[PDB]
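Chemist: Residues per chain are reported as follows:
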Amino acid sequence: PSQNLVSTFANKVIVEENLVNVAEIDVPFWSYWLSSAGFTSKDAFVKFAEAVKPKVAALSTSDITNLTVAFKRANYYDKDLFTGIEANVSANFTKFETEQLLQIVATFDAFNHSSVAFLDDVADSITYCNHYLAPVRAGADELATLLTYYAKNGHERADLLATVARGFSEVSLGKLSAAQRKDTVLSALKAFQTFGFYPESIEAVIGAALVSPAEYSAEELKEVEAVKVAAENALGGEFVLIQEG
Amino acid sequence: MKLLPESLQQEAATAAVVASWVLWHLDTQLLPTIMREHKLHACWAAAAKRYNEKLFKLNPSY
Amino acid sequence: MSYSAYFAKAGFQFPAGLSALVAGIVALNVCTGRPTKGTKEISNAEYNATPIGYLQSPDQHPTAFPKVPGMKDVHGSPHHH
Amino acid sequence: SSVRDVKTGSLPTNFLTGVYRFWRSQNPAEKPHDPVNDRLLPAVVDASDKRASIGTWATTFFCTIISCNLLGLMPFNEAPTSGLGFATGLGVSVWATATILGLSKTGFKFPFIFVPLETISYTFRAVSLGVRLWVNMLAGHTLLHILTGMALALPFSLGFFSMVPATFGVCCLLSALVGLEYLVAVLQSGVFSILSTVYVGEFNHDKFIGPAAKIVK
Amino acid sequence: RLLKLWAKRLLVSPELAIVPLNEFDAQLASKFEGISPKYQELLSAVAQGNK
Amino acid sequence: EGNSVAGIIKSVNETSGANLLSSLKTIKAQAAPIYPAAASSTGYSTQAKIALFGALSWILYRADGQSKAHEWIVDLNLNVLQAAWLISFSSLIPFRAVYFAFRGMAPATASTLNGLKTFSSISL
Amino acid sequence: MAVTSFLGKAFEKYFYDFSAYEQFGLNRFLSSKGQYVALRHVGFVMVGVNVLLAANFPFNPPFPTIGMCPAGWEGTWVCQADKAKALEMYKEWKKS
Ligand SMILES: [Zn+2]
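Residue numbers (the authors' numbering), protein chains in the order written: chain 3, 77 to 321; chain 5, 1 to 62; chain 0, 1 to 81; chain M, 95 to 205, 219 to 324; chain 1, 259 to 309; chain 6, 28 to 151; chain 9, 1 to 96.
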């Protein structure tokens, strides 16, 4: 009678409604570490969202980032919860790090959700409340996602554009795989052409297209050449590819 | 005279533990304090000219 | 007025992880895995059969301020091999 | 969970700032070809990422060896460095750190008569860096032992407070040799960490990434 | 209102009282580095306090 | 707490014109930073007691081990030889010159902190 | 009397104000203060060696003696190069 008793006890004491009842105390921690383990269920994440929705305004930056990354990984959008998340980020924008704000903005970009105050506070936090070399440690895909977030929302901050443009490099684009570097370069050039902002570091982006032009389409090469001509006129010179020397 | 220890590995591990503690205490307790105190002075000294010029431009008092 | 009295309020303090350094050096000294510097592990029959004075050996008990270099505190076992 | 409060301008903070900035200045960063601006800033940050932490490592070894060396000059205490395995373990660890860094640069596995000769003289750094510290900490101590033995032999046999000029000369020589031991202690810690910088900095060279595309004029 | 205005600035930094009010415009320049050094070092030296 | 300049602005704006000039020493005293007064002088801390008890424990253990050694009197006079140079270091070292030389090793204390100038931050 | 505060103040006034170079008038005999520090160093070493030898003087020396002997012992345990011989002779000497 070990089999039936053990089997009956295990299902009753081990199924997914009671391990949602262990996760009511610390919803950011548990939702993050369960979504990173592949457990992404809408049925559990609705209970996560309404369990954490009064707790959001007092959450730290680590817990807000963990919650926001978890709810990207589940792909469950709650309007009220993410409005609370955005109010938490807007209230404590000086305490957030660029490493966390890129992950938050990627989730706020995944489904469309934005405020003028949220975009202003994220831009103020990345430009003035964080280190100016924090986009260098970021990875070019996250900076491209933040750039297209600000491009799709139409919100233009030239100081944030300079700060995030500093993160684009031969190093950061070289860390990316080629299929990822294609999307990163195309989205970053589209954002830079939308804003009309052409910094020096766009040479690292356009060059990352023109060093390997075989992966790009003819249409994408045409849009890259348009951005190259505009950046040539804005920076007052001619774009050269530099070999080893 | 003592030349050879009772255990060479125990004494080398004592050296490794002492130097690893000194490395952790330098990196974790001493260097953050030193860099706060150093980089406040260094950032103010590097930014005095540009900071005073930018604040002079932003000031409508003159 | 100064912050001198505020720093005089704080007493002496050890470095922040000195307990880990002491607990590393002590754990290296006590987890040798070998007997303790002039001892030998013996059988339990020998250890209970042997008196306390025969278990002690005179080389491990040197005299505190010896009038002759080589004086030992105990004489060890009177039984000699 | 509560960190202590620190006074700015403290003497340990100032001394340790000067020591760290001294050991950091041993292997300086290479000046790039381009003017350093926001275009070259990620390449500069990446070049700092490729560089080893020789300032932190040399400061660690300098502090941990000047402390163990000055322990031998305190009363009732002996130097841990005067033990063989301690000082030679520090030296073999520095050589292994430099070797592991150089192997990580070249791809994690090891490279007529010239190759054996230079490999013997390279592998001798492992012995030499630790043994030149160990026998130097054994140096003034064992000479001090024998000399204070004869300095005891004079008034033990001529009387407790009689023939004071001869024992005065031997105690003057003893005092001069403990002062020389102080100099040798500080100087051996310094020599060890200078050598650690020049051994690890042989493999501290990685190429600058730099801009692969520019807009000239 | 004028007395309250100058009371606030002289409560935060009383060293402003060593530059007379009529001479102040004679110190300024277009760039900050060109401002007259007649009062600069004395002002920063008074700003440390009485010790 | 709230910042001191906003307290200055509020309490200066709250005074009347007749009350203003005599209140200025009070308002200043409410904006002065807290410099904590000298509190109770306890004896030694439990970490200071642990430190000196462990140092005396170590010195007694080491002297007992030195006396049981073979050339024990040699070690006991080595202790005298080292304590002599500690005593001579107390006499010879110019501690003020050493303090001010250590202040020159760090760039934060080698110079006066030069930053914000008054003329850029004048409010009117 | 706090146990450590009075000790600190007494050691401070001994360390700073008390000076045997001035109270014994040693500027007449000695050129410098640093020469007094050097002579006081070697005098401290000599006083320490003599009181460590006087605290126990009948013992057999672990240090090698320069062919010499203390006072009138001459051929006793104190002047024995053989240490086992010196231990057994020390027992006969202790018998009295
Ligand atoms: Zn010794």
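Since the hints were derived computationally from the structure, they do not count as laboratory data.
Hints are not guaranteed to be accurate.
Subject to a maximum C-alpha distance of 20 Å in a straight line, what follows is the list of computed DMTMM-like cross-link-like pairs (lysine to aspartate or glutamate) [claimed, not checked]: (1) 67 (chain 0) to 12 (chain 9); (2) 144 (chain M) to 27 (chain 5); (3) 321 (chain M) to 295 (chain 3); (4) 144 (chain 6) to 281 (chain 1); (5) 67 (chain 0) to 41 (chain 6); (6) 258 (chain 3) to 295 (chain 3); (7) 85 (chain 9) to 98 (chain 6); (8) 321 (chain M) to 276 (chain 3); (9) 155 (chain 3) to 175 (chain 3); (10) 72 (chain 0) to 46 (chain 0); (11) 95 (chain 6) to 41 (chain 0); (12) 95 (chain 6) to 313 (chain M); (13) 171 (chain 3) to 126 (chain 3); (14) 314 (chain M) to 320 (chain 3); (15) 324 (chain M) to 276 (chain 3); (16) 2 (chain 5) to 172 (chain M); (17) 83 (chain 9) to 73 (chain 0); (18) 91 (chain 9) to 46 (chain 0); (19) 37 (chain 0) to 53 (chain 5); (20) 251 (chain 3) to 295 (chain 3); (21) 171 (chain 3) to 28 (chain 6); (22) 321 (chain M) to 200 (chain 3); (23) 298 (chain 3) to 235 (chain 3); (24) 57 (chain 5) to 283 (chain 1); (25) 324 (chain M) to 308 (chain 3); (26) 72 (chain 0) to 82 (chain 9); (27) 2 (chain 5) to 91 (chain 6); (28) 67 (chain 0) to 28 (chain 6); (29) 289 (chain 1) to 53 (chain 5); (30) 83 (chain 9) to 28 (chain 6); (31) 88 (chain 3) to 102 (chain 3); (32) 309 (chain 1) to 273 (chain 1); (33) 54 (chain 5) to 235 (chain 3); (34) 88 (chain 3) to 126 (chain 3); (35) 55 (chain 6) to 283 (chain 1); (36) 72 (chain 0) to 59 (chain 0); (37) 199 (chain M) to 128 (chain M); (38) 72 (chain 0) to 28 (chain 6); (39) 52 (chain 6) to 299 (chain 1); (40) 321 (chain M) to 156 (chain 3).
Chemist: Verify the proposed pairing of residue 57 (chain 5) with residue 283 (chain 1), using a straight-line Cα cut of 20 Å.
Modeler: Measuring from Cα to Cα gives roughly 16 Å; hence the hint holds.
Chemist: Checking one constraint from the list: CA of residue 72 (chain 0) to CA of residue 28 (chain 6), max 20 Å. Satisfied?
Modeler: Judged against 20 Å, a Cα distance of about 71 Å means the pair is violated.
Chemist: Checking one constraint from the list: CA of residue 321 (chain M) to CA of residue 156 (chain 3), max 20 Å. Satisfied?
Modeler: 47 Å, violated
Chemist: Would the pair residue 72 (chain 0) and residue 59 (chain 0) pass a check requiring their Cα atoms to be no farther apart than 20 Å?
Modeler: 7 Å, holds
Chemist: Within a Cα-Cα threshold of 20 Å, do residue 85 (chain 9) and residue 98 (chain 6) meet the stated pairing?
Modeler: Answer holds: residue 85 (chain 9) to residue 98 (chain 6) is near 18 Å, not above 20 Å.
Chemist: When you check the alpha-carbon spacing of residue 91 (chain 9) and residue 46 (chain 0), does it fall within 20 Å?
Modeler: This hinted pair is violated, its Cα atoms lying about 33 Å apart.
Chemist: Need the status of pair residue 72 (chain 0), residue 82 (chain 9): alpha-carbon distance at most 20 Å?
Modeler: Holds: residue 72 (chain 0) and residue 82 (chain 9) sit about 16 Å apart, inside 20 Å.
Chemist: For residue 83 (chain 9) and residue 28 (chain 6), compute the direct alpha-carbon distance and say whether it is at most 20 Å.
Modeler: Status violated; Cα separation ~78 Å.
Chemist: Residue 2 (chain 5) and residue 172 (chain M) were given as a pair; does the straight-line alpha-carbon distance stay at or below 20 Å?
Modeler: 13 Å, holds
Chemist: Is the straight-line distance between the alpha-carbon of residue 155 (chain 3) and that of residue 175 (chain 3) 20 Å or less?
Modeler: 24 Å, violated
Chemist: Holds or violated: residue 37 (chain 0) with residue 53 (chain 5), Cα cutoff 20 Å?
Modeler: Violated. Residue 37 (chain 0) to residue 53 (chain 5) sits at ~72 Å, over the 20 Å cutoff.
Chemist: Is the straight-line distance between the alpha-carbon of residue 324 (chain M) and that of residue 276 (chain 3) 20 Å or less?
Modeler: 12 Å, holds
When held up to the earlier numbered hints, the structure conflicts with 1, 3, 5, 9, 10, 11, 12, 13, 18, 19, 20, 22, 23, 28, 30, 31, 34, 35, 37, 38, 39, 40 and fits the remainder.
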